[PDB]
Each structure stands twice: as C-alpha cells, then as structure tokens.
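Enquirer: As a plain string of letters, each chain reads:
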Amino acid sequence: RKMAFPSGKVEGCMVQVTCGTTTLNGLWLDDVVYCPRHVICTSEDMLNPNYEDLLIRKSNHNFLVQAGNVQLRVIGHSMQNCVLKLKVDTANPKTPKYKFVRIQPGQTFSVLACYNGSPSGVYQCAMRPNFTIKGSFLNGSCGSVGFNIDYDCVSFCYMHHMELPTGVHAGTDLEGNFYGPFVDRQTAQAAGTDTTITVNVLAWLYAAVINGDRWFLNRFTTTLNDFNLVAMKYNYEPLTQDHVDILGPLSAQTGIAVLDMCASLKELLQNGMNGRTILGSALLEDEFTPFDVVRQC
Amino acid sequence: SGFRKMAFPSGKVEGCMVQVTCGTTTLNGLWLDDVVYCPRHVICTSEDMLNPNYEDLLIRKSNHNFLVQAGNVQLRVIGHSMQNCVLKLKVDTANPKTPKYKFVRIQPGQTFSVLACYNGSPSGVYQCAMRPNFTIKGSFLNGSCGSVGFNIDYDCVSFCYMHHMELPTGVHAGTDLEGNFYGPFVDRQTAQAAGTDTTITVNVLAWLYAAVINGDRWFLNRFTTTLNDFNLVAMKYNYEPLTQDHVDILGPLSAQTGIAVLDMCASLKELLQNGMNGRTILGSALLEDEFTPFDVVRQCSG
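Sequence lines, in order, name chains A and B. So in UniProt numbering, the last spot in the first sequence is 3563, and the numbers never skip. So in UniProt numbering, the last spot in the second sequence is 3565, and the numbers never skip.
Treat the hints with care, since some could be wrong.
[Unchecked claim] Keeping only pairs whose Cα atoms sit at most 25 Å apart, straight-line, the calculated PhoX-like set for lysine-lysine is:
(1) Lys3268/A with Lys3400/B
(2) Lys3400/A with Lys3400/B
(3) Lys3400/B with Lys3363/A
(4) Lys3365/A with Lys3351/A
[Said to hold, decoys possible] Not the full set, but computed from the structure, chain B residues with beta-carbon under 8 Å of chain A:
(5) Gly3387
(6) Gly3478
(7) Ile3512
It is worth saying that the hints were derived from the structure and are not from the lab. Backbone N, C-alpha and C fix where the C-beta goes; we use that ideal spot for every residue, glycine too.
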C-alpha cells in the first residue's frame, strides 16, 4: 500500500495568501509565511515576470493572509529564489519541529494538497529522475507542500508551482529553487526524458515476494554491468553499488540476492508481464523506495 | 494515469487516537468527548483469543483494569460497557480536540481513509475500498487494531471502520463504530473465509465517466439496457449487481457528461462481452474499481 505520513502537523501550518485577484496557499512557520512568488503576478505579467521589479512595487498591505477566520498582519516581505517570505505579526503556535531539505530524484514524500488554505487530500509522490512529480493538483493548489516525517520532525522538501502540458507537476524546495529546468513563467514547458527508478522497482518486486508472490522470479543471475546495459536500453536508471547495498535488508529477508532480482526484472523488461499482474498492477511500480517497503514489511 | 488514491487529511483523527491496554495487550482507541472506543478483544489474553466468552471476561473486569493513555498521559476510566464488538470506556476528561463527527456504516464499494496506528501513535494514512465481500486490503501489522477508517465532509468526520483482524488470504476485517462487523466475521482467533470477491461495478462506471470527462470516449455505444438485464449479464463476469442507490450516486457524473446511467451500463456490458480489443481507457487495459463517483468528481473537478 502506498502510504502517506499523517498530515496533522502540516495542516496546522497551511494558510491562504491573496494578492490582487490571485489566491494560493502559504506555509506558516514561526512568524513567516512561505508561498510561491507568482502570487504577485498579473495576467499581463505572467509571460516574462521581472519578479524583483514586481516585488519592489508591492507593500505589505497588498498581501492578504488568512489563517482560518483570522487575518494575519503582514509586517515585512522578502524573496528567496521563487519563494516569497511574508513576515507576520504572529508566530504560528502550532509550528512543528521542522527542517528544509532538498530531496534527491527517486526519493518519496507526502503531498498535502490544499485549496484556499484548507487541506483537501494527502498522497505519496516520488521526485522523478527528470525532476517532475506525478501529482494531483488543480487550480489554486500552488503553495501545497511535500514532506517527510522522522520522529517529531517534519522535513519539508517541496512547494507546488506549476502543471506542465503533459499533466505532470513542477515546483521548488523551500529555499525556492526549482527541481529541474523549469521556470515560474506562464509558458508551455517540456521536461527531459523521464526514466524509471530502478532501485524502487526492485524494492517493489521484493515486496511482491514478501507478500507471497513469486511468479516473476527465475533461476538466473546477471552481472551488475550487464543489467545496467539492459536497464539503460529500456530507459531505466542505472543501479549503483550503493543501491545494491541499500537493498540488502530486503535481500536478506527473502534470501534473494539483489542480482538475482535484477535478472528477474531483466526478464520482465524483455518478455513483459504477458497479461499477469504484480501486487495488482499491470505495470512495474517505481515510487516505493526500499525504506518505504521496509517500514511496512 | 491522471488519477491516484488520495486520503483525507488525517489531523482531525490524529487528535483522537489513544492507546488502551489490559495486562500486556495494547491496541488503539478512539477518544471522542468523554468516551474511548476500542475493540473488545483488548480484554483477552492471547490464550483467550481462541474461543473467548466476552461477556464472561467483561464481568471480571473493573474500571481500574483499563490503562488508557494519550501519549504517556493516563486517562482515568470511570465506566465501561460493551456494544457488539467494541468497548466503550467512559473517561473523566472530554477530549478538547474532538471534531464534529458522526458514526456511519458504509456500503461495499465505498472508499475511506485509514489512519494506521500503533501504541496510540499514527504511522500512515491511505485510502481503502470496502470490497463486496466486506474485506479491505489494508497494510496492518500487529498492534494495529483499533485503527479507524473515516471520511471528512466539510468540518465533519464520519467514522466508518475500526480494525479488528486479518484473514488467511491477507485481507482485513473490522466493524463500524457501533461494533457491528462488516461481513460474516467474528472476533475470534479462528480461521475464517472471505466470500469470493467480485468487481465493484458502480466504481467501474464512475471510472468510465472519468474517462469521458477527459475526452476518452471510444467505448460509448449506441445502446441502452435495463438495470435487470445489465445485472444478470454482469454477474456472469463476476461483477456486482447494481442497486438503485448505485444509480443515484452516479447522478452527478451522468449530469456532468449527459450520458444516462443505463446508457453507460450498455457500454460496459459491451466491454465485458467483447473485451477491450487491445485498446486502453485512461491509459490502461484494466478497468479500475476502487474510485467511487465521489472520488472521481473530487479529482476531476476539485
């Protein structure tokens, strides 16, 4: 099961930010609200917004920040890359222990999708190798965040900014730097060729075994390099020795050596699933990490 | 592609989770106002789970035998009673985080969010569909009992599931918040069989409406059917028969697309009888049956 972190610690931080006729979500931590800077744009600014120029022309009172019924008074504002930082006269009393991290491609996180400052849904995403995410985001979702939770600490890794014409999504870390080659201007932008997250596919095959499904296993093995030759041919990411090490626990747990499972995946890639399905899916799933699998098996 | 399982935000339910222990048996409970709800098998010794006489075991218990904790903070129990398969422990503190809530009993095919919990602490949240055989495909380990399933409408949490057990096939069974099991199961440590499962027709139809909303409509045919004629055919393909309530909950999608429910039923009947023919719907040759009409509207229209 694709499982998200419990979202309550993040829900207590979501607010609504309005500038002009633009409304999206903000993240309220201590006395700062973080949100996408394109909230200051107009229709006539969207194609080539000179954000430093647009921002100098704004006053604090141009920003309407609402937490529930209460309005939060903006006292200062600044910009860090593509994120606006609105200082408010009130520290959020529900601020969790938190950190800002930049996630690696192949890593997963939970998304709290929000509209008008109100949380609407929670789901798990992976940062794709081409730095998109296959999210579920509609008009007004910008400023929704992605996160992981370790102990009491919320690690924020993603803030939502845009939907590409293909229907995948792009955004920044909480320092305001985009993942991938994208730009917060209102243009049709293509991503690089996506690839499949191989280490995650292998983790999910191990999961399918741990739940007593073995039809895809085989008596064969492969070298790491010969596997990677076939993987690259099918637009799978190369598997590194660190990946092999990371997969150890799953390997021990099943007594299936990593390179044995690589030989199974090689078979699946070349033959196909030939009608069959694995853990319910007609397709190979690549958005479970080895940790995600182990924390649940 | 385009659609995914989305849970409701879990915070309102996190604020209600506690742990309940009797001896060395710990599971989770739900604290609403001044009552804690939990599975009655907390009062069983692991050796009593084989063939428990619950009424007998409960007469032996007193309020001071129940350890209820929010985190590490004990909640004093001042009353106890049993309602079907759940225990209601009256406590001396009303939960200040109690949301607006109701207790609802859902139908097969309906979806809900599960907040999986251990020792009163939430671990994860995910969407489940109640199968026609009254099991769910959860991710539940030892200590998960008393985790709850819910939906959120406006401010109001509708609690619909409390977790009690795992069947030999790996699927899960439980009760509503009044302690009544979904399906033919009993809270005994015996081997119990789930009825053979079937496909959730109303959710497949919702999926076809979702395809149409997104411009994928090759499967719309020129025919209509009666509900009876459809149900008789569907059952030969291990699809559930439709009810009047199913027709009703497809109303909004039917109105959105202008495709009458029975016309879509005729389209589905042709897919069943003739197959997909190497074609795809929403990018798949497989028909999805775990998105309800409500789930579809949320992800299409927001």
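Enquirer: Please go over all the hints and tell whether each is borne out by the structure.
Expert: Verification of the hints:
no.: 1; hint: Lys3268/A with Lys3400/B; result: holds, 12 Å
no.: 2; hint: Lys3400/A with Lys3400/B; result: holds, 24 Å
no.: 3; hint: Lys3400/B with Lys3363/A; result: violated, 33 Å
no.: 4; hint: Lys3365/A with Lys3351/A; result: holds, 16 Å
no.: 5; hint: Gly3387; result: holds, 4 Å
no.: 6; hint: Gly3478; result: violated, 12 Å
no.: 7; hint: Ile3512; result: violated, 20 Å
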